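A.B. asks: For this one, chain C is given, so just place chain B on it according to the hints.
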Amino acid sequence: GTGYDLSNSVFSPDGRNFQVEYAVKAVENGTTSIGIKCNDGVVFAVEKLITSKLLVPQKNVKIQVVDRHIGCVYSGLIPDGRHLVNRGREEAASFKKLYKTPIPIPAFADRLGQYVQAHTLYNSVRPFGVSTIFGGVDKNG
Amino acid sequence: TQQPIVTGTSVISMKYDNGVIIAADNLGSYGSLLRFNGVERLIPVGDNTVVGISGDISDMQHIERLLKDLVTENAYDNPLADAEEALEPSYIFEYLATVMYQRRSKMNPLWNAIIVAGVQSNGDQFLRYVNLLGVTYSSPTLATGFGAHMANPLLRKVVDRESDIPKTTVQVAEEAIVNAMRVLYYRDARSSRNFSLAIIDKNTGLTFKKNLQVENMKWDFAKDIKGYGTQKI
Numbered sequence: 005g006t007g008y009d010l011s012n013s014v015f016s017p018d019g020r021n022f023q024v025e026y027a028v029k030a031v032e033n034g035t036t037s038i039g040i041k042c043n044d045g046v047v048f049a050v051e052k053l054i055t056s057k058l059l060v061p062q063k064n065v066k067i068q069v070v071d072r073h074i075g076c077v078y079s080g081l082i083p084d085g086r087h088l089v090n091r092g093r094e095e096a097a098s099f100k101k102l103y104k105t106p107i108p109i110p111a112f113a114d115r116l117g118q119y120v121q122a123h124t125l126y127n128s129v130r131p132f133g134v135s136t137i138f139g140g141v142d143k144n145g
Numbered sequence: 034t035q036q037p038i039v040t041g042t043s044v045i046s047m048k049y050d051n052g053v054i055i056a057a058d059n060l061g062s063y064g065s066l067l068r069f070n071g072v073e074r075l076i077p078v079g080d081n082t083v084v085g086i087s088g089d090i091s092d093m094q095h096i097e098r099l100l101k102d103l104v105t106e107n108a109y110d111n112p113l114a115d116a117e118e119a120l121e122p123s124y125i126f127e128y129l130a131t132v133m134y135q136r137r138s139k140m141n142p143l144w145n146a147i148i149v150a151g152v153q154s155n156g157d158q159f160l161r162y163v164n165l166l167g168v169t170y171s172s173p174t175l176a177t178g179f180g181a182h183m184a185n186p187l188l189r190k191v192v193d194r195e196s197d198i199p200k201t202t203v204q205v206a207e208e209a210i211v212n213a214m215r216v217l218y219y220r221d222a223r224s225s226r227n228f229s230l231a232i233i234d235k236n237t238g239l240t241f242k243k244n245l246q247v248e249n250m251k252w253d254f255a256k257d258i259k260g261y262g263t264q265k266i
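These protein sequence lines map, in sequence, to chains C and B. Taking full-length UniProt numbering, I'd label the letters of the first sequence as residues 5 to 145. Taking full-length UniProt numbering, I'd label the letters of the second sequence as residues 34 to 266.
The shape of chain B in the complex, shown without the other chains:
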């Protein structure tokens, strides 16, 4: 039993016709102090899987090592390490899920909310969630923490049900994602303007965009807001 210290906020994601997209800002908060700013919370495992993590950062860093170790291990006595026997998103997830549950079961959780995004060897899109309690689930869109409340409502408008995936293009999808990130920057007091975004397409592979920024924000109307009711100037 612990309590998080340095933390990352929302991790949002969704799946389009060919792949999946996932994003997360680069902040590492320390309570209300926006302490660290160059924190990458998107962990690429291989190049068909990207793991987005939120929650306690020290635990995140720990889960990162576990992942790199998984890659090293899979390579041992494996002549098909980068072919038929390379890590699949589903493997990476099942592993993480297993670890997560064992830890909560021992009353010492890895204080995190995790989303595994990627493309299976057969082209299928993979997107599943797991948190410090070991709970898991899938949906056309997935977001942790604050993003579950604000990003999902938006993303679901694009892919509301299964039959919407094939109708959604990378442009449309990436757009929804980028807009959600803006909205989160508007109302989440633990968010940052900088974030990373990654695409896992069954054709174009893994595109990892670092150092993005929320652009095109509406703030002008703020000048017309004076007082809190009766004040006129």
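Extracted from the complex, chain C is given alone in its bound form:
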């Protein structure tokens, strides 16, 4: 039939999840942002549209830090982006508190991944309207 795109956790006949795909649309419509992996670190950059001369220059920082060694930048619904970072900070904090060592980037990546993947499991939630570029330096580069 049809209407497989009205509820979030629903599988369409061809095995897709339209709600997630529609989220991507919000992402693609957002500002452009990138990440470059150099040989001893990573660089993050992003486009900040001057919607008006009224915006105080330099005053609406987009890139965010998690812990003291991780950087995060995203495109799409900014508020969704902040929400995900808040979770990341909690996750990083929880990890350090028990293992002492600041969270390895690969471990942090899955923490964010499992969390985001979680928002595609129920119709009582909406998927994240952002794609996020993030990384840092750890025990392995």
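A few of these clues could be false.
What the hints assert, rightly or not - Here are the simulated EDC-like cross-link-like pairs (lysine to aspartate or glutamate), alpha carbons at most 20 Å apart as the crow flies:
# : chain 1 : residue 1 : chain 2 : residue 2
1 : B       : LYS235    : B       : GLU118
2 : C       : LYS66     : B       : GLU118
3 : C       : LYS100    : B       : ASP102
4 : C       : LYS52     : B       : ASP110
5 : B       : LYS235    : B       : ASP80
Don't read these hints as lab results, they were simulated from the structure.
C.D. replies: Chain B in isolation, oriented as in the chain C frame:
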């Protein structure tokens, strides 16, 4: 409700014309056993604040993590983290004070005596105390435990009242501190000869001296002391 196990003794401090000084030996006792010796009990938060802690060491280590976390947190979404919006001694204290009181109020205290020393953004000297009961207060000089009884009397001779601060130089002050540390080594059976000392000057910043030692002790007269009354040899 608990009872301390591994503990640190006195934490002494005072304030001079430009900043404040704080010190504490490097011992971690276990009852009467002077068990651990490389214990730093002076926690620098940023470089305008130094937190000296005495009491249960496990709780101290815990308060240390809380402080590092505070620094990390303050940095989040804070473009002025190391400028207008950096941690002030007064913030670090108010936080610690809050935590300390909540814990005693829940009948599970952080068994410590804490002194926060530092310099406010406007150059003002900051020096305040808080203990496991949540009690707090300020004075030109502050010391925990054993140091409250022996160090204060000495330090107060240098800065007895407010008008004495501007007349006291870092040399005079640091001297008083170092001498007090010696006196404490003479009469506190839970003290160590090694200690750390830190200066927070509104001009020179934070000077953190590790591995000091009590020097120039008088022990020679000990040879003339024989018996406990009538013995002659």
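A.B. asks: Each hint should be assessed against the structure and marked as holding or not.
C.D. replies: Structure-based check of each hint:
1. Of the supplied pair hints, the one linking B:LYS235 and B:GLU118 holds, its CA atoms being roughly 17 Å apart against a limit of 20 Å.
2. The suggested pairing of C:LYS66 with B:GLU118 holds, with an alpha-carbon distance near 18 Å, which does not exceed 20 Å.
3. For the hint pairing C:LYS100 with B:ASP102, the CA-to-CA distance comes to about 10 Å; that is within 20 Å, so the pair holds.
4. As the CA atoms of C:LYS52 and B:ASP110 are separated by approximately 16 Å, the hinted pair is consistent with the 20 Å bound.
5. Annotation: proposed proximity of B:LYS235 to B:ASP80 holds, straight-line Cα distance about 11 Å (limit 20 Å).
The structure fails none of the hints (numbered hints given earlier).
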